[PDB]
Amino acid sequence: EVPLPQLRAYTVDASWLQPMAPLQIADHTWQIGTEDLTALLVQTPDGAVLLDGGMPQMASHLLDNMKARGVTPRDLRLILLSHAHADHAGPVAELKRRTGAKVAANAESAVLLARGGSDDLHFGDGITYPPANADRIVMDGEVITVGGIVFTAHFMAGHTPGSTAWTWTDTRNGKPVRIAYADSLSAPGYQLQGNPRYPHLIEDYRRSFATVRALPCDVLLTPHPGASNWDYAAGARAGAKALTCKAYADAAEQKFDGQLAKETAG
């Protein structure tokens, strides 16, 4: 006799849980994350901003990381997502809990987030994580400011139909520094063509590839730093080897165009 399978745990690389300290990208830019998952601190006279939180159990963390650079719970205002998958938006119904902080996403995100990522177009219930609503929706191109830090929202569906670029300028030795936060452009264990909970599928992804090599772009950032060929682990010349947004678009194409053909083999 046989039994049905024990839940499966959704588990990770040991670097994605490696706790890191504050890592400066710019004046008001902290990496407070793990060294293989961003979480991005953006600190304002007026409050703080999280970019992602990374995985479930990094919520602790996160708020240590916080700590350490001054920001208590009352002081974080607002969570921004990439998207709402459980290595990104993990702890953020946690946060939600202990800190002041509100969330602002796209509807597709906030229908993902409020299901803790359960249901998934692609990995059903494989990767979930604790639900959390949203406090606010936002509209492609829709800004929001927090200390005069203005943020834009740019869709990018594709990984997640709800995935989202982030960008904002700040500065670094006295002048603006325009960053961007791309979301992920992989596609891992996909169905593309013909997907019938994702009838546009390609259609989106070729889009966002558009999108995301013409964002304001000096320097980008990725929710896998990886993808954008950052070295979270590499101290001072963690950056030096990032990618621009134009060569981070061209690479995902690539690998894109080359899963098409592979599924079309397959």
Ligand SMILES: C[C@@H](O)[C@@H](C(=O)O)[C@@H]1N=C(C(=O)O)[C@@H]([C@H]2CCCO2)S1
Second form
Protein chains: 4
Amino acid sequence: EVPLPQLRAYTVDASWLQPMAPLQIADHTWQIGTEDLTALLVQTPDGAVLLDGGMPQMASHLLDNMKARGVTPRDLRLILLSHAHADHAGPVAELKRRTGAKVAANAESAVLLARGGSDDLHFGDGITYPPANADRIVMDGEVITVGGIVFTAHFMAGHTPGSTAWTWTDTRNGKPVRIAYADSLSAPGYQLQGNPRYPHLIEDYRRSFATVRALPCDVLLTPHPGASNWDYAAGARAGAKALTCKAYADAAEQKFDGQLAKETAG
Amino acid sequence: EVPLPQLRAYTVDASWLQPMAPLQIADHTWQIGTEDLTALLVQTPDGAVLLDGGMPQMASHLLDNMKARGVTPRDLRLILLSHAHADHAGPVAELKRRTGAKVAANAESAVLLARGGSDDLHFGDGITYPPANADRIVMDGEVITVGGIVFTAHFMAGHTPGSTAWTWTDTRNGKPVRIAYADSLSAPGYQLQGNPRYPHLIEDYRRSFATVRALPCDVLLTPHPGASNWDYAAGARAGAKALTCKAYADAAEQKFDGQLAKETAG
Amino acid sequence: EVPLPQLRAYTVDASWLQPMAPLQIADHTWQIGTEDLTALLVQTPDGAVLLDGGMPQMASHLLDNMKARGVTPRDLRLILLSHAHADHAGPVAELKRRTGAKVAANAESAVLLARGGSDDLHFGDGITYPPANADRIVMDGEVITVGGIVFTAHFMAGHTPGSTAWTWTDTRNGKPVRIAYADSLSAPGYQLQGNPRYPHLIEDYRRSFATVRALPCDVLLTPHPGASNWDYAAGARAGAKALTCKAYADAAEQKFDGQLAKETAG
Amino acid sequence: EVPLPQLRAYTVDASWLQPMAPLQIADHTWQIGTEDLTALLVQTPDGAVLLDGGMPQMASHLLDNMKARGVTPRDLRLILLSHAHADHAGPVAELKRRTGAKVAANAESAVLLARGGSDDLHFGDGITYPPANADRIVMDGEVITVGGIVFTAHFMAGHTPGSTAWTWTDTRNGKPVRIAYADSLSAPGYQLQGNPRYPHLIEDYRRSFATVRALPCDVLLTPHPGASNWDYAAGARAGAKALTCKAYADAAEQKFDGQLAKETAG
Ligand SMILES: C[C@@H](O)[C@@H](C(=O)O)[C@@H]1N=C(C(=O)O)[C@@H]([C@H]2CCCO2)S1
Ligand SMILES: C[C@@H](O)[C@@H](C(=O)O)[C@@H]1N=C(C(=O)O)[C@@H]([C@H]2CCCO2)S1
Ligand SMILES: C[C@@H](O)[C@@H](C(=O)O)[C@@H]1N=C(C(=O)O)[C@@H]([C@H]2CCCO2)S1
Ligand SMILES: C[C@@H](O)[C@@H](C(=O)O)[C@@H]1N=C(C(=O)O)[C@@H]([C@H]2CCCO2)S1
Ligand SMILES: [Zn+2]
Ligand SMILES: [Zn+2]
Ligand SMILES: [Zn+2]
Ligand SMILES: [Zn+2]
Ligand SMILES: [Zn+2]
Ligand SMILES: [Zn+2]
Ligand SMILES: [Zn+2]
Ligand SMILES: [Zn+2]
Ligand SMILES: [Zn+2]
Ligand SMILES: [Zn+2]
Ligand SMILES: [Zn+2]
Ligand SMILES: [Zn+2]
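Can you switch from the form solved without this ligand and show the form solved in complex with this ligand instead?
Let us now look at the entire complex, which starts with that chain.
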């Protein structure tokens, strides 16, 4: 009669998988992912930090761009994550096997990462990736220092329970630049109200809008660059149109309020 | 010359290790731990639930009291935890090996449980126990239903990041009894202010006082019975002097404020 | 230019995904998987045992067939595995979430299961599935007893390092039937000689042929029924043509020797 | 009446905890543990390797001796283990937190390490330590190369299921020196015959005697130096009396045969 369906691969728009050469953000910060997925390399005298890696199949491209930047596999010391979904943490397990890198994440992100994104609160097992273990668990507001660059965690639960913004200060033209890598504030296909797997979802999102609003934020970057109005293919104008953290938070709250209203009506 | 010190066992007052027979709290809820450590057995038509197990060496005593209550190892379905320290989650790994029980806990409690309490934010490796894995991760406000009894999680971070109050409604003399098993609100030897491993410690405690204040709470129990003024050795008057959740929260906040002041002066 | 390739789903022949009603093997043993993937239900007075579950998408079908057999989710006590690949252990994580079942496996199978089949010695990350934790680690020759039925583990490393045969005695027409569930002895696309990830691969396979040869084996079953010449769609003649364990081992060794010769020439 | 007993710390002879300065074994290999517990530092141009760390409380001493040798925490790349008991793998978790080091171990050692030595086949929970995760799983005969030094794993199951000998070639006075770090072959208090948790214990020990016999072995070292007749306190004559691998294997088999006979009589 009728067999069970085949497994369906997690497929994405081609631009999410389009390799790009390293794009400099500030003196020591580079976008090294693809056109439409962020993966940030921060280079220090004492080794390199990677914030996100994009999709699972991006590992070799990431290592190629690191090499181009002067970063060997031994030189990658630390991987940080916005959140532990397949399109942002996808290649973490493989990067750990192929480099010196250790992962630091909050408890929520660590337990989702360790199950490869399976049993997702909203997606079930539809969007899985190779599991990885965290080496260090961070608390809200905790700092991690690499080669003199200080990264601060700001929890902003919602898109996932463990969603995190990471902030650090780089330089450019001799001046300090406070970079805010703010996580996703979307809720794609989520049941927002009365969700038994996430009862306080709405409150957490609202607190997260306020957290993002208030971040130290000369420059905002986001895991999907379009959410902060970056265009990584636009070269010297890639960041010209970028949103402030205040504007990003406001746009995400407006969208969220619309989704709530549509869910009540739907 | 001078060898490194021997490992120091986690030792406790004798009353914490003094076995007691099952003490009935309500129609289906029993204290089955020791005189000075709580371990709550909730019996349903559909299997039994255990909330905490006390110290690591209490596993066999717990199983003996379960048998006395009509609960075989196969009948224990679920273990819930106040928090994942050695004096409350100690025997969880062994109970999982010896019974049908699965563990449900929040992400913070799950990652501390999986490392056997090692790398504690405050105690280091001084207070470890056999590690165990959680089978289900719960979110704040999530419910779990066993044999018709509904348990609700209320996160109350502070004593540990994953500290949780568990609430359920039992009966007694035909009437409903709203039981609140509220976690510890102590901070024994903790650095409260400017703690790099827990930057928002003070805020979390203050929110946790408010959470405990507001719990549905005809009857309060606590992992250390003395914190809620229970005397498990007093038989028919064991619970007579018990605090309300409001009074427990207020006393813990008063103590916490004193500790803050002493830390500033110390 | 050219994006990175999309992720490729693990796809299989339709017959591997074709549901079938429970097929009785002996008094208490049933095939409950699909036409071309084995999943064995063994029913005891003291709960049920499942040996393999097939592909990840088979979980609900398995639970439907268990219900048909009188086995509720609470009644499933134990999951055993031939080996921890996606086409045999696929639905284990979900079954653990949805039933009372605990997993017993050897250390090799446990560490592959816990990484969802990623970083496979031969397949890399091409064939992954939701990760699951083992509850009990078994040693070679160890027995596990459920409701009076005694299961014995026989390690037969090769297809995976943790490949295992499981044996037990059922009954049929008042007589004992020694059932041998022997794991795969294939090496699909494997580098056999000088493999840096499995240096003693050839020796392990040869020992495994001898192990399978000698199993207590009135009736042989295999994870892919065609390997033991079962036809689960043939009803009352499904097992008529089944191989002996001796014949299965001999055929697998003949095939393996051919593959070795072809690899030397290739 | 009578409380349950206090937890009993894992205590050891003082000499096992007596710090010593680094003792050179060959051009790039040093003993850096205590008088009576081995911890081997192998220094390469490309970072350092540690084989065992001794007891849990030795972490800081190990890092002090590494510093004395020119090895900063960032420089420690790899930790290898003889076996995952508290007196040899004790400080691994803490070393991972405090250094760049990643752990490579076989599956058996990895699952015992991840449970901090709890649920030991012979010791139960009497001898536990902080749990740690392996970063790489090795197979029998697999090699790992650091800064040009090639380490080969030789499984020698018995003392634990995951017991391993590690071999590598160093130099001394311009000549190659084949170093064999052979694991323990003792069975302290073990039930050898008919052990339900280790049915093939005797066969594994006998195969392990043969494995040790045949190792490439200009110089033998062992986790307890006295087992190979090393005296780390004897300075320039520390290794003068050391056994060959053949003699070590023979002495261990003689002892094992005596223990078998005594167990039959006991
Ligand atoms: C698995 C899903 O989380 C992802 C997907 O659809 O593939 C995207 N992630 C997003 C994020 O915000 O991380 C949402 C955004 C990206 C552009 C459209 O909405 S949708
Ligand atoms: C490891 C420590 O957390 C425990 C200990 O000292 O053994 C106690 N736990 C307490 C709790 O509140 O859980 C504190 C209370 C109990 C009575 C004195 O303060 S102290
Ligand atoms: C991921 C692979 O392991 C599986 C696959 O190709 O999908 C099959 N498993 C087999 C086994 O023996 O488990 C091999 C057999 C089945 C029929 C052809 O060879 S191939
Ligand atoms: C937990 C136990 O494994 C250890 C102990 O007793 O503390 C020792 N380990 C040994 C080994 O061989 O690793 C045995 C040896 C050392 C000297 C006496 O027998 S005894
Ligand atoms: Zn610079
Ligand atoms: Zn996402
Ligand atoms: Zn996304
Ligand atoms: Zn009742
Ligand atoms: Zn505590
Ligand atoms: Zn306590
Ligand atoms: Zn029958
Ligand atoms: Zn397979
Ligand atoms: Zn297969
Ligand atoms: Zn040299
Ligand atoms: Zn040992
Ligand atoms: Zn030892």
